[PDB]
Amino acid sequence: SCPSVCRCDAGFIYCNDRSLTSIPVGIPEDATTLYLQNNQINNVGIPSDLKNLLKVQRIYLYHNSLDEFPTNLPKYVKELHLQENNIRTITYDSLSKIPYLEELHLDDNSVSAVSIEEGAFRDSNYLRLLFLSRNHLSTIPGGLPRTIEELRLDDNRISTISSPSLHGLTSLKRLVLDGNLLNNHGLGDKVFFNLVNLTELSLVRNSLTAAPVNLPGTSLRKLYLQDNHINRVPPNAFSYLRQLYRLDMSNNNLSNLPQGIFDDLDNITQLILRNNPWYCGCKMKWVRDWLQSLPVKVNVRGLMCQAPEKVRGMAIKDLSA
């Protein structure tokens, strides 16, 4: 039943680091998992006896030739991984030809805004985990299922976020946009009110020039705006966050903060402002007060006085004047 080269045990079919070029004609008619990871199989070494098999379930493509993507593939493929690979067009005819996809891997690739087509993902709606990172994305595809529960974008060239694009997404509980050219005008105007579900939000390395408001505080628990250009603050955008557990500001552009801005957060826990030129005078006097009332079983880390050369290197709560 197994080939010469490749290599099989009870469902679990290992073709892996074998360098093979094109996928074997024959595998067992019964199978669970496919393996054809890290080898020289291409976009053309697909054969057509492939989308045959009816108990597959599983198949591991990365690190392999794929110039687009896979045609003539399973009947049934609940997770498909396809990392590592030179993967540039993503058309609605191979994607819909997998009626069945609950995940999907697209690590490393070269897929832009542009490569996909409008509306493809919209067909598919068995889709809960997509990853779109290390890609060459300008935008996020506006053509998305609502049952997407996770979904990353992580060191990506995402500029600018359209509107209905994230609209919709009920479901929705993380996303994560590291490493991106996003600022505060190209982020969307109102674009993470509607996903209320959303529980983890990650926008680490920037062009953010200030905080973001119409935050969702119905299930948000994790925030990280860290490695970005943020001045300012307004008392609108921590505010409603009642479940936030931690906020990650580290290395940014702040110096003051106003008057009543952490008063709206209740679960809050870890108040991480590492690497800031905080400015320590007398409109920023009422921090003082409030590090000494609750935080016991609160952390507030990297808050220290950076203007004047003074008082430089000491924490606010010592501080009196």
Given for the second form:
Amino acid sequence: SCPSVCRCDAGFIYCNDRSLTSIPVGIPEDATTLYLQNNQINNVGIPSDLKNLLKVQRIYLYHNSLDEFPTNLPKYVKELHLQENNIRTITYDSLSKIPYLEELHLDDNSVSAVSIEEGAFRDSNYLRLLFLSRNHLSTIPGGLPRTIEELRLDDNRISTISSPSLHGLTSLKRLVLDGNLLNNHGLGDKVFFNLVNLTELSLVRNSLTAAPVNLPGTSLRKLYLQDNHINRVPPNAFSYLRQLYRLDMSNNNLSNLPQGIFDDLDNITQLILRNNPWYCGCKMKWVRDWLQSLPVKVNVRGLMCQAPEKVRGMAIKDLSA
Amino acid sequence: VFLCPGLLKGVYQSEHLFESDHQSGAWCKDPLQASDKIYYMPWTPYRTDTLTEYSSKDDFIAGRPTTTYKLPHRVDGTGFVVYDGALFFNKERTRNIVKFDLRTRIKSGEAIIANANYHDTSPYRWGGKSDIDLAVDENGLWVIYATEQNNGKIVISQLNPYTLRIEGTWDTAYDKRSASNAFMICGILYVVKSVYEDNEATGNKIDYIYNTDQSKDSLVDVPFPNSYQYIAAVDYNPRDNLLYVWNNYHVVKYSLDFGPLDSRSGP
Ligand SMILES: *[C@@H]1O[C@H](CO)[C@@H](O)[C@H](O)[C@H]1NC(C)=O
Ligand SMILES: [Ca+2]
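Write the structure block of the form deposited with its partner chain bound for the protein whose form solved without its partner chain appears above.
Zooming out: every chain and molecule, the one shown earlier first.
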């Protein structure tokens, strides 16, 4: 049943850190979870004997030596953990062998938008989450399948998002675009508008100079905007966004704040406006009245100027002729 | 350091705090801080990256938080502890323990737990990436994990809370996936067995104990409470001699009664 090298217990087959290339033939029929992490497993290592008699639903294959997307996997597998590898391409035939997949973890690889096959995720209308963090990516794939709820494209090299890339992904709950080359013109017109059941959008550490517009208000609870060169907030940026509970605006050079930008925000409870001083006084007279808001309780880690401190009295610090 | 209260014999639920919006997670205090602060990190698969801190139980119930600690990496499971102002936790998809200095917001260290199984490989009965459990007692810092040399069988380790280094490793002959949760008191492993959500009355008690000092281990039957049928995390405190249990959403404290501390030898 179980090999000399690999040892199993009640379905869970632990063939990890053993340091070998091929998957051992000694794979039991009543399989639950296939552990194959921290090994030397290459692309030829995976044999044909990994379907037809495999009851597996979760296969872990991180810290391995395989190139390309894995081939010959049990049809009813839901979790495909493929991390810290040199997977370049994701073809139709390779993905097609596992139709009932729920979670595809491609964190730390080399999958580019050019490297991913056109219409690979076509017959993949069962995927709940796809992680493509730190890959050779340049654009949001676009050929991405429906029923996706978690798409993490963080710490990549993605520069541009097109309108039909996220158009149709709607069912999506959380979009994580962190540490990327997304500029304001790099961020497509009315790009997120379409994503109705989106609870979380993360744009942390990018290249956008002004807080996005045409953002979903329909169901968006969180919006993470930090480590960007945001100076000007467009009036219609935080408009029709009622359902927003958390907004993060820290580590952003907001020199100004327009009169009644947060008006359309009602559910708002947590705000993070810290790490940007010298900004107070003129035009921000409304903040003094606003931050002192009606019930319920108030929570905001706001901003306050450095050179001035209290508008009361007269400055007269200018003494030159 | 801290004085040993004796051998644990009776576990009784004495305090009932609030109910979480998460079925799993961990909540604990710092036994080296004279302040009555509370640290709460609810489990959210692949999304656990923030530790919440509370000043009092009143604030902890009403959901009034003191501050939030965003962590430079994702956390795996409900293992975490808070010792001398620095939290220790299992960094996600690794066998590393990360010392993180709170109220300085800096990674002071990172300890590679040699040959440890991680990421739902050797977890508790409920899984949830609870492969490595940090532990604070009278003898200090601990790591309750498991190696595939043992193959599922729990492996405990003394861990320097200041230099983050393994100060000993003891192999136990009891499965981890069988364990619902485990903890340390006077360097003694108390391993909790409880029913979950076929789901027959397997048992609701600590059935095994391993003694670090002397390396001896025996079978027990210490009646452990599982009223909510899903034990998420159990963390002992040597300062107030209490268990800081999380159970199927229920955030609760479990009181202890201690008997005479005894150890027999014959190698
Ligand atoms: C949001 O949209 C998805 C689309 O598949 C739907 O299944 C879901 O019920 C909707 N509502 C919520 C609260 O997720
Ligand atoms: Ca514990």
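Numbering follows the first chain given and starts at 1. C-alpha atoms forming the largest set that superposes within 1.5 Å between two forms make up the rigid core.
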TODO: Align on the core first; then indicate which of 59, 268, 280, 261 has a CA shift of 2 angstroms or more between these two forms.
DONE: 280
